[PDB]
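Number of protein chains: 4
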Amino acid sequence: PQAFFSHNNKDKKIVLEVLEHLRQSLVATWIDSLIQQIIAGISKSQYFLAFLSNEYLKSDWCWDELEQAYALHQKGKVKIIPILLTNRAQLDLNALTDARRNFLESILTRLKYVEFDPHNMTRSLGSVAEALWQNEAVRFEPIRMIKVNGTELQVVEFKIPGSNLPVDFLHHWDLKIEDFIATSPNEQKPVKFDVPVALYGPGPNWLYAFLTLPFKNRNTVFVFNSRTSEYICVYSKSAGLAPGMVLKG
Amino acid sequence: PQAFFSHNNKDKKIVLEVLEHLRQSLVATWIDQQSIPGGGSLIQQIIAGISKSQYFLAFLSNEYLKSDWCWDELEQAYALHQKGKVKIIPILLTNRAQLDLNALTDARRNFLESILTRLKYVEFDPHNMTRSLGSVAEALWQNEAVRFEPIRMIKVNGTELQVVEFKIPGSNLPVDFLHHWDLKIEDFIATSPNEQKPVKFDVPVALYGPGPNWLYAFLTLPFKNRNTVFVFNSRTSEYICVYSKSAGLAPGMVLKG
Amino acid sequence: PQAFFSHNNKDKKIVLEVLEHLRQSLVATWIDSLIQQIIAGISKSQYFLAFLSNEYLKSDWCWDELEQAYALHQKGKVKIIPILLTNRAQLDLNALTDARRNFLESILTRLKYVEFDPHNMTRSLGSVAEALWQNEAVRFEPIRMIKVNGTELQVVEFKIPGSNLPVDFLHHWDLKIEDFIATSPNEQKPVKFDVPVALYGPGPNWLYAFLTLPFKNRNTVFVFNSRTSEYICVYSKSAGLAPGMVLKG
Amino acid sequence: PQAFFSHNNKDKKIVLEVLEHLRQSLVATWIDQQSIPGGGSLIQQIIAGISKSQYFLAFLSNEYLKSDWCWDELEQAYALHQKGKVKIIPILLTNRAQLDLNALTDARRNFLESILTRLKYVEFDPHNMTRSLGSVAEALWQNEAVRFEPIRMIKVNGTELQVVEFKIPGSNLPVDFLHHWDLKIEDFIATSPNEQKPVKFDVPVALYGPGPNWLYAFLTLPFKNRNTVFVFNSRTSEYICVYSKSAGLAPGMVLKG
RNA sequence: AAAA
RNA sequence: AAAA
Ligand SMILES: NC(=O)c1cccc([C@@H]2O[C@H](COP(=O)(O)OP(=O)(O)OC[C@H]3O[C@@H](n4cnc5c(N)ncnc54)[C@H](O)[C@@H]3O)[C@@H](O)[C@H]2O)c1
Numbered sequence: 002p003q004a005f006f007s008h009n010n011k012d013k014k015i016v017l018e019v020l021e022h023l024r025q026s027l028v029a030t031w032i033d042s043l044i045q046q047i048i049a050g051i052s053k054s055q056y057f058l059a060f061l062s063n064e065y066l067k068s069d070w071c072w073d074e075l076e077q078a079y080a081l082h083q084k085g086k087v088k089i090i091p092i093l094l095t096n097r098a099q100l101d102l103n104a105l106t107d108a109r110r111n112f113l114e115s116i117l118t119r120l121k122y123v124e125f126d127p128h129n130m131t132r133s134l135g136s137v138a139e140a141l142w143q144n145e146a147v148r149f150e151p152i153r154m155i156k157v158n159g160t161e162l163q164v165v166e167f168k169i170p171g172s173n174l175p176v177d178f179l180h181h182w183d184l185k186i187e188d189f190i191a192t193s194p195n196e197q198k199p200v201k202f203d204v205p206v207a208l209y210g211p212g213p214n215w216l217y218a219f220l221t222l223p224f225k226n227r228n229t230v231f232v233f234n235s236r237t238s239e240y241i242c243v244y245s246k247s248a249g250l251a252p253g254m255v256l257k258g
Numbered sequence: 002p003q004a005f006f007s008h009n010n011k012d013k014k015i016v017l018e019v020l021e022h023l024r025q026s027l028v029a030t031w032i033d034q035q036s037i038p039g040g041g042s043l044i045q046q047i048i049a050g051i052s053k054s055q056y057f058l059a060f061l062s063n064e065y066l067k068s069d070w071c072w073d074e075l076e077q078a079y080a081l082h083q084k085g086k087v088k089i090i091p092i093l094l095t096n097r098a099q100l101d102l103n104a105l106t107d108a109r110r111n112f113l114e115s116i117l118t119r120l121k122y123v124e125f126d127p128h129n130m131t132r133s134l135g136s137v138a139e140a141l142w143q144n145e146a147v148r149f150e151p152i153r154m155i156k157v158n159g160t161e162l163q164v165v166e167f168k169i170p171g172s173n174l175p176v177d178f179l180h181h182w183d184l185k186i187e188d189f190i191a192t193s194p195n196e197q198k199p200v201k202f203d204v205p206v207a208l209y210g211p212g213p214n215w216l217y218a219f220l221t222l223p224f225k226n227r228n229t230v231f232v233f234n235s236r237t238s239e240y241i242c243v244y245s246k247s248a249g250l251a252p253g254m255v256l257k258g
Numbered sequence: 002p003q004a005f006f007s008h009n010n011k012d013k014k015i016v017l018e019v020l021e022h023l024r025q026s027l028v029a030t031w032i033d042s043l044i045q046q047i048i049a050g051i052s053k054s055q056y057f058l059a060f061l062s063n064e065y066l067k068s069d070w071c072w073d074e075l076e077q078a079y080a081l082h083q084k085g086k087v088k089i090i091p092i093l094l095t096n097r098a099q100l101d102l103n104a105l106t107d108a109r110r111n112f113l114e115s116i117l118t119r120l121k122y123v124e125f126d127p128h129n130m131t132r133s134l135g136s137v138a139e140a141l142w143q144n145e146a147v148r149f150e151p152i153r154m155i156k157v158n159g160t161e162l163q164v165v166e167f168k169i170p171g172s173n174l175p176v177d178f179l180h181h182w183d184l185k186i187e188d189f190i191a192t193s194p195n196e197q198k199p200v201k202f203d204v205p206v207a208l209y210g211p212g213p214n215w216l217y218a219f220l221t222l223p224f225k226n227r228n229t230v231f232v233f234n235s236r237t238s239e240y241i242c243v244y245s246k247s248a249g250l251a252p253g254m255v256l257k258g
Numbered sequence: 002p003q004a005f006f007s008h009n010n011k012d013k014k015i016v017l018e019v020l021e022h023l024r025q026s027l028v029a030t031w032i033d034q035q036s037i038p039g040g041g042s043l044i045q046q047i048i049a050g051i052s053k054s055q056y057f058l059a060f061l062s063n064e065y066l067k068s069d070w071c072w073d074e075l076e077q078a079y080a081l082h083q084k085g086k087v088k089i090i091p092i093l094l095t096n097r098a099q100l101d102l103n104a105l106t107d108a109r110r111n112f113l114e115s116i117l118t119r120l121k122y123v124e125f126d127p128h129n130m131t132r133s134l135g136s137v138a139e140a141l142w143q144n145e146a147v148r149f150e151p152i153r154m155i156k157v158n159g160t161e162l163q164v165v166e167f168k169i170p171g172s173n174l175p176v177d178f179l180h181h182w183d184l185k186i187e188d189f190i191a192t193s194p195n196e197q198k199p200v201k202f203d204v205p206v207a208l209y210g211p212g213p214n215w216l217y218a219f220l221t222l223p224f225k226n227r228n229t230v231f232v233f234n235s236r237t238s239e240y241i242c243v244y245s246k247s248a249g250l251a252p253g254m255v256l257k258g
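Residue numbers (the deposited numbering), protein chains in the order written: chain C, 2 to 33, 42 to 258; chain D, 2 to 258; chain A, 2 to 33, 42 to 258; chain B, 2 to 258.
Any given hint might turn out to be false.
Below, simulated EDC-like cross-link-like pairs (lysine to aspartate or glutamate); rule was C-alpha separation at most 16 Å, straight line [as the list claims (entries may be wrong)]: (1) C:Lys86 x C:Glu161; (2) D:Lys257 x B:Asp203; (3) C:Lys225 x D:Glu187; (4) A:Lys156 x A:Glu18; (5) D:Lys168 x B:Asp12; (6) C:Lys198 x C:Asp188; (7) C:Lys168 x A:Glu187; (8) D:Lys168 x B:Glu196.
None of these hints come from the bench; they were simulated from the model.
Please construct the entire structure, taking both the sequences and the accompanying hints into account.
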């Protein structure tokens with residue numbers, strides 16, 4: 002589920018670090042156009058992140074990017090999530106013209122925004138990440154590297170919203186995990202290079218097979234079974250680890 | 002689950018065709034001279050892999066009983082069988098009633114009678130072939146974990162596909178069963194259309210039957226860049242496409258069965 | 002039985018903790042729109058919790074949410090439960106306009122409210138939770154974790170109002186228990202992850218089967234039999250516990 | 002409640018068809034070398050599971066009584082039966098009047114006569130098949146807990162459904178009976194439409210008969226993601242849907258019987 | 001069979 | 001077969 006970030010360099014500091022958290026959530030993130046890049050892939054294109062801030066509002070040549078993003082949003086192709094670096098109370102609406110203020114007020118009331126602050130970072134990141142997963146199918150929590158039974162491992166946590174997904178959901182899914190696997194240890198990616206990868210959370214068998222298959226010759230695959238609650242090794246790419254061992258959690 | 006065939010060329014006709022059915026059941030089959038870098042034969046090839054080595058198929062027949070130099074192969078197979086390394090399944094081409102035990106010496110007859118009563122045998126005949134093949138194949142799966150039925154090529158919704166049917170005996174398997182499993186599916190995938198293998202080359206492969214998620218992942222994973230993988234979901238009972246290696250097939254389509 | 006919370010951040014402190022008690026009662030709770046989200050599911054949608062307070066009354070842009078909630082409430086789709094953080098005596102009705110005061114007074118007299126205070130918390134929570142269960146079918150008390158015969162277990166207590174339910178009540182029930190099962194020990198949910206779950210209270214056999222079935226491969230299921238009054242184990246997902254043991258209460 | 006069948010191929014025709022009726026009664030049936038890895042030989046396969054192992058079905062017949070390779074089968078079955086591990090039910094294909102006892106030796110006749118008088122037998126004939134099958138099936142359920150009638154597929158309100166009828170003998174069962182029950186319903190659910198099993202694949206399954214709530218929950222739970230579950234309520238006497246695995250059926254509908 |  |  003791709004993400005396009007529209008922001009100003011005054012907010013550059015918060016943007017990548019916000020994105021870095023979003024990248025670990027198996028989310029495609031694109032920063033450095043964004044207008045004609047909307048028309049790419051399936052109808053579920055991306056969610057526009059409008060990094061709204063006082064300095065962001067003061068650039069007209071940044072404003073027109075919000076127009077075409079919102080103008081085609083009525084077509085249903087893309088949906089926007091406005092991120093408020095500063096609270097709504099002290100947003101400098103006075104400097105905006107009558108057309109600019111009327112446009113901004115309409116999209117802040119009818120369309121839902123997310124408030125962000127540097128202080129309560131953990132809660133702010135969770136609210137930002139979850140809003141990405143509000144209107145989306147099975148979620149994807151950030152990858153956590155945990156050591157179980159002395160073995161280093163990373164967990165790919167995914168939660169299904171509700172209790173079921175469409176039987177043809179895999180057809181319209183725009184998430185392929187080959188793009189999130191690191192090729193070098195120094196290269197930063199959601200999935201660490203050569204580090205064993207584990208899948209956690211309830212789900213259908215085909216969903217587990219769909220995520221496990223692209224990991225052949227890339228990382229060691231671990232599968233969690235809730236019958237007894239230990240991880241199951243299904244792939245042997247690292248030395249000393251055989252397919253079938255259990256990790257007592 | 003490997004299989005070693007001991008037989009005579011008078012029964013050669015039934016042996017491969019019996020083996021051909023067993024090969025489609027995802028069973029490793031070894032008759033003459035294959036891929037092991039050991040010393041060949043069937044005696045010292047028993048000591049290879051894990052304690053679950055193989056099941057000796059003694060193709061017992063009247064002409065088979067008449068060769069002494071074929072008899073000693075049954076001795077060393079049975080002599081080390083008491084150690085628990087290998088178990089023998091004697092296949093009777095002819096019924097027990099007309100087995101020529103008289104020509105056998107006192108030691109040979111006493112040895113054969115002991116292993117036919119204590120050890121379990123399977124009767125085979127050319128006439129009732131379908132039932133005979135099922136009895137032979139299932140005896141391979143009697144003392145084994147999750148079974149593997151022969152691969153069947155079925156066309157669903159106009160799409161050619163082969164089904165890998167596996168059934169779990171009981172309702173559970175050990176959580177560490179995958180460690181001691183001696184079945185890796187990379188050796189059963191055909192590389193050329195003319196080459197005969199349990200899994201057809203480039204033909205989409207489907208997994209059928211209830212089982213744990215790790216078992217499905219373990220079987221699906223070695224099929225990357227080899228065949229299109231289909232997974233059966235019992236919630237609504239259609240096959241689910243998870244891999245796209247053939248043109249025109251996307252991961253996520255359903256096959257109404 | 003879903004619940005939508007309308008409140009101000011001055012009352013934020015009481016809201017989640019009120020909700021946390023309601024979540025343990027197998028109640029769907031939704032906080033962070043609420044207007045167009047009313048039209049979802051069956052006619053038994055939810056009960057609007059109007060967290061009425063003096064600071065809540067002072068926001069006009071919070072008032073219009075109460076209008077559309079009440080305006081469509083006359084259609085019978087949703088019913089509102091107004092929660093008074095402060096007593097009716099000192100509610101600042103004077104600051105409200107003539108239309109606002111007339112609207113509020115009409116809904117406080119004809120429609121029933123619930124009084125809440127921080128001091129008598131246990132009684133206040135019980136009154137709030139029960140008002141959710143007043144116009145509803147078989148109730149659901151908060152989950153209690155009790156240790157019987159040295160075995161950790163949680164009890165799902167449900168009480169049937171009256172002595173019978175409609176034979177087709179399960180068709181229109183909007184409670185599926187798969188959404189209330191925790192997937193991780195750190196994740197907070199009404200049902201603890203991997204902790205054995207027990208069902209308590211008289212009821213029909215199909216109701217017991219309906220609640221027990223979604224727990225396969227999720228939690229160990231215990232059933233209470235009133236013939237001799239010990240819990241009966243029917244599922245074995247945890248080690249050392251076989252289906253058929255009894256817990257002397 | 003497992004069942005081991007000892008018979009001769011002259012009575013093969015009646016054996017499976019007798020077993021087929023018994024299989025529909027949620028009874029584990031093992032004729033020869035069945036799934037159970039335990040050496041087919043029903044003898045050492047007796048020592049498996051709980052003290053309530055199985056009931057030996059001695060398919061007694063005139064040609065069976067000439068089967069010396071079979072006379073032994075009974076000895077060890079009866080010899081350990083005195084230990085209380087297994088009980089035998091002798092099935093008389095022919096009536097007691099014309100049983101060829103004369104050909105039997107003095108030891109054989111004395112052994113057979115002792116077990117036919119002190120231990121109870123069941124008479125079977127091809128002619129009155131329905132009554133004979135009922136007598137055979139019920140003798141399996143005589144010394145057993147809550148019974149299990151054969152599964153019947155009935156169409157109620159235009160909906161196809163199968164009923165699992167179970168009757169409790171007496172009016173109560175031990176509170177810890179589920180601990181020692183050797184019946185798990187996962188082994189009786191079909192995985193393919195062509196595969197024959199007590200429970201049809203994807204066909205909704207209904208539970209009928211009075212019983213405790215935990216017994217209903219114990220039987221309903223293993224059916225998740227396997228079949229649609231229906232529960233009968235005697236308050237108003239319609240079936241109640243609790244699981245939705247088939248399209249068009251919601252949990253909560255009623256079937257007017 | 002509405003804690004049998 | 002929706003963590004068996
Ligand atoms: N499954 C087989 O084909 C088979 C063949 C031979 C034997 C067996 C297994 O022998 C076990 C008993 O020890 P032992 O073999 O010493 O004696 P015994 O029981 O007298 O052997 C069977 C006699 O009957 C014929 N027959 C063939 N098929 C069957 C069959 N499915 N059920 C019954 N009888 C069968 C066979 O030719 C012989 O005359 C017992 O576990 C039995 O299943 C299975």
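Taken at face value, is the distance from the CA of D:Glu187 to the CA of C:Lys225 at most 16 Å? The given pair, whose Cα atoms are some 13 Å apart, holds under the 16 Å limit.
Compare the distance between the alpha carbons of C:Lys198 and C:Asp188 with 16 Å, and conclude whether the hinted pair is satisfied. Holds - the C-alpha atoms of C:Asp188 and C:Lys198 are around 9 Å apart, at most 16 Å.
Take a quick look at whether D:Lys257 and B:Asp203 sit within 16 Å of each other, Cα to Cα. Judged against 16 Å, a Cα distance of about 14 Å means the pair holds.
For a C-alpha distance cap of 16 Å, please report whether D:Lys168 and B:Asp12 respect it. With Cα atoms ~30 Å apart, D:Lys168 and B:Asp12 exceed 16 Å; violated.
Given the hint that A:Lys156 pairs with A:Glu18, test it: the Cα-Cα distance must not exceed 16 Å. Not OK: A:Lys156 and A:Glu18 at ~25 Å, beyond 16 Å, violated.
CA of D:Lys168 to CA of B:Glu196, is that 16 Å or under? 12 Å, holds
Distance restraint between C:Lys86 and C:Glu161, which requires alpha-carbon spacing of 16 Å or less: The hint is violated at about 41 Å.
Does A:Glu187 lie within 16 Å of C:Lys168 when you go C-alpha to C-alpha? Status holds; Cα separation ~12 Å.
Hints 1, 4, 5 from the list above are not met by this structure, while the remaining hints are.
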